[PDB]
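Undergrad: Let chain A serve as the given structure and place chains B, C, D, E, F, G and H on it in line with the hints.
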Amino acid sequence: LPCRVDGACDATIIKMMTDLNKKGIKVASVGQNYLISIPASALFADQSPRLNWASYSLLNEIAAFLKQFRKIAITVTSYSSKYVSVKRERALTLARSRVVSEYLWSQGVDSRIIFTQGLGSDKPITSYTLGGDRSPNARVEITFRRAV
Amino acid sequence: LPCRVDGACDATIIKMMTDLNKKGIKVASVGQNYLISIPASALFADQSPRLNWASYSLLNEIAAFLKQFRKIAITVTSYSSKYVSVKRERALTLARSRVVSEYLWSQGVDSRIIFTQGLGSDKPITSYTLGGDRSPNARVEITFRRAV
Amino acid sequence: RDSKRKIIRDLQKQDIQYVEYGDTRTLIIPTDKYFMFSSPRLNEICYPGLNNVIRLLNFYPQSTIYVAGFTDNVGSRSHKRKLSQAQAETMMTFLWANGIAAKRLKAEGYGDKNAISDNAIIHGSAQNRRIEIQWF
Amino acid sequence: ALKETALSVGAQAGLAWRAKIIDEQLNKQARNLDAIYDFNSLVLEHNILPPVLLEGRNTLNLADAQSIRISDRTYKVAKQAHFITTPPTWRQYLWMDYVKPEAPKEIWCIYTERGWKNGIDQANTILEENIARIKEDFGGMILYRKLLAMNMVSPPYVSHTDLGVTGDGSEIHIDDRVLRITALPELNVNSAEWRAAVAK
Amino acid sequence: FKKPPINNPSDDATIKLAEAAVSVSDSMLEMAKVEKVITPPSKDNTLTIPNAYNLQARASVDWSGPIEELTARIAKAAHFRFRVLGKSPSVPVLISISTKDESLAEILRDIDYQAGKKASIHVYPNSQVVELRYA
Amino acid sequence: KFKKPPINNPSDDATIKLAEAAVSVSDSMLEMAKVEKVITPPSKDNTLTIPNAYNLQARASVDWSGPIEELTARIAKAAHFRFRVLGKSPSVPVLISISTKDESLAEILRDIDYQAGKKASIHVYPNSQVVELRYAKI
Amino acid sequence: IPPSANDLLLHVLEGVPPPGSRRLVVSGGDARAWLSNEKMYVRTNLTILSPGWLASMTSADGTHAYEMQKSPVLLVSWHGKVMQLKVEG
Amino acid sequence: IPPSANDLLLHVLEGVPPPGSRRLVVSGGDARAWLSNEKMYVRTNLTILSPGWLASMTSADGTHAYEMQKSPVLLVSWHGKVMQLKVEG
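Residue numbers (the working numbering), protein chains in the order written: chain A, 1 to 148; chain B, 1 to 148; chain C, 1 to 136; chain D, 1 to 200; chain E, 1 to 135; chain F, 1 to 138; chain G, 1 to 89; chain H, 1 to 89.
Isolated chain A (complex conformation):
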């Protein structure tokens, strides 16, 4: 028999958003498009496109949530507080984006397309600029639209 649920439950979904916004990693769930903004400080180290260890539980349960919808394209961008040179914050964000993108593409992706980039906080969402890599403008963001 064909599917009621596509192997997912909305209760599990809401269990996620509750707990990960208890954990503060911010889920936007807006119109039909769904977004997660993340401080990059919890993931990359200081100016590094280099992830750490215990992060990956969180990263993979992101991908676990990403399985919860039929979807087409996933865009990831990252932003970093301006550090040295516009080339390298482009680069640092771009690498940061591409490495977590590589990881989750390797992981469960149900997208057909993943677009990836990042900019050196060229569009800071705060101008409270408390420093470098403890700023929320150091961040990484993932958008998709839940397909149908």
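Simulated from the structure, these hints should not be mistaken for laboratory data.
Among the clues, some could well be false.
Some chain B residues close to chain H (C-beta under 10 Å, calculated; not the full set) [as the list claims (entries may be wrong)]: (1) 2; (2) 72; (3) 112; (4) 113; (5) 147.
Cβ coordinates follow ideal geometry from the N, Cα and C atoms, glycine included.
TA: Only chains B, C, D, E, F, G and H this time, still in chain A's reference frame:
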């Protein structure tokens, strides 16, 4: 009914390698090719291509193991620590090789081909050169690849 | 309890094929599960063995080291060459990063021109994709 | 008897059991399947599916004790080039059919596992044959592009003749192209005009 | 702490198929490379955008048929005079075009494109004209 | 206690016989590729027709099997390029299947153009924001 | 001289079935199929992949009609993803 | 004038059976055999020894097809070793 085992058991095989490496005669079991290196001191006498008596229990249980695989070609080479003249260590090894090769060819060989030679430790595996025929460069070595 | 025999014991528990012979000890590496697939990128999940690799390797801290990358029978020769050199370079840079003197190191990635097993059978090809580590 | 029906109870059982199995591993490597078998890469300009060509070496038929006949080398054009609409897949060739029957003493149990094994491996052979079929296809159109590259076969020579607005006061068609494939691909016989590529 | 990849070739055939796949993909890539004849952008012969501000309007046309009437009305829409040079053939060249929001120059561009070599579009924005040239 | 190193998961005969299918057809492809690439010298690239540009160096990782135009709209909208198309689509769709991971878009266009060999073409005007798809004209 | 297409394609271009048709029970997708005379005519907007029509057809808006040989099992590509589709009757 | 070979050799050169064939159950080896019409056609790469074909055939890669009279029992040489092989049917 056709064969599960081709008259052999892998338990017997591993009983061999355990005990003969307890006895130190070295079995390499590498990729698919299998090798035994032997100190020539236990077999030939000093600079002799001449075997002794109680060796032949060991030599024949080698051939007993050689029966354990379907195989095609067996190469034996021997090496000897450099003693007098490059001609004769070639000769001594060559004779040493050919006499144990003759013996096991007479014995159970399941090879189609036996290639045989030996060199006067022209490729010593140690350069610790403690003497003549107590060196491990005095040695004899047998390679094959277990056919399928 | 953590000696040479111990670390080779649980080395082969982590089945990285250890050769003690002569002086030239040789390590044989299943490239596949010590990589991400078809990639120069090291399977970093397989860390504790690699830690113990360097742990045992320091017990011969002067010997210079052949290492060798290996493929199987597939694709272009130029390909097999190239990918094997990628794999070679990443493990040797892994070593030079482990803190081993870069002039003790020498590498070559042979695109299957050696083949300790066959390639025409599958388990054999699995044995074929490997890395050699000779050192004296 | 009771015997043979215990066998045949097993026979279809293992057969269809196997069929369901092979169908899921088909599905999981479906990407890999066409990732191999990109047909459109092989199709032609006017989506002409190219013909399948067949290799031959040392075709020695002895006729008899008195006379033999050998080619060194031989080519068989099969399934000549044609207009295709939708290019082939593999699932056309490899998706094994699955149906489920459960429709019905120690001989019962053991001959049911007998036939269980039996249906399994006859399905495996079936599978094998399916694979071979898709081989000989794919290699065949490869060889078409080969001898076309070798000047050893001819192209599909076509004529597209076009028509403008066609039709009446109740029906029109603003542009009617009709395309006939005039001359099919075929092995040329004057080998002097061939193309023999050395490689480096 | 992380997890392994999910669709990994962790099986000794599955590896082998996977590099078989990558092998065929590259070889077909070079298949395509050696087969792919293209044109230089310096010698691509198509109509440029003639940058007149009368031509700088966005439009919408869904229509198929013979070109010269439609483009006369284009010139009329874009305040250009329209001269046609050459003879229109017995079979007219027929342009299907179905579009919703786009510039008059892009109209001229793709109808010159679908004119191909049977006809051509020349625009002189100094004297504010489109001219249809036949073969 | 002895053991060979590579201890994988159990395979099955199915994917086994698939694999030796695959390798045989693959190497026929390999020699095919050689023989065509020597019978025909490749004269020029497509990077002149597709040169790179900033914000075209964003990256993407894609699987696809469908038609071409939906896919090329998706890339042009991510690249903020206006996408236009010249010539009319044939009734049969130019179907392509790009399956790759993590390269720049310009190369993604390049292999798209190659995969739609002589049925479609990509021209890029990045002085403007133009991605244009030119159809074949038969 | 070949025929142009079906004009029943012009009917099933929109949602009318052809005269004398059987509604093929389409399960799993939005395409609707009629058995006319061994020949399903299927309307969709999706991209038909496996079986191949005798006549293909699209609307002004990309609505396809395919005068299609009989399949139990239909293939379209949806979004570069590919869908199997079952029919009944 | 003799015939060239079978063109069914060109079919069984690869792994297709001929049209209308019976899969001869090959036990003990990798060669596959079909009963076409009293005539087994056997594909192998191994070297046929005892019975002798009416037509022999090899591929580009040394794959033989042998249009072979009916044996229950087949002989090849494997590696200078020689193998008997049983068939069924």
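Undergrad: Is the shortest C-beta separation between residue 112 of chain B and chain H less than 10 Å?
TA: 5 Å, holds
Undergrad: Hint check: is the beta carbon of residue 2 of chain B less than 10 Å from a beta carbon of chain H?
TA: 7 Å, holds
Undergrad: Under 10 Å, Cβ to Cβ, is where residue 113 of chain B needs to be relative to chain H, so tell me if that hint holds or is violated.
TA: 8 Å, holds
Undergrad: Under 10 Å is the threshold here; is the Cβ of residue 72 of chain B close enough to any Cβ of chain H for the hint to stand?
TA: 6 Å, holds
Undergrad: Checking hints one by one. Is residue 147 of chain B an interface residue toward chain H, by the C-beta closer than 10 Å rule?
TA: Given a least distance of 8 Å, the restraint on residue 147 of chain B holds.
Violated hints: none; the structure is consistent with every hint.
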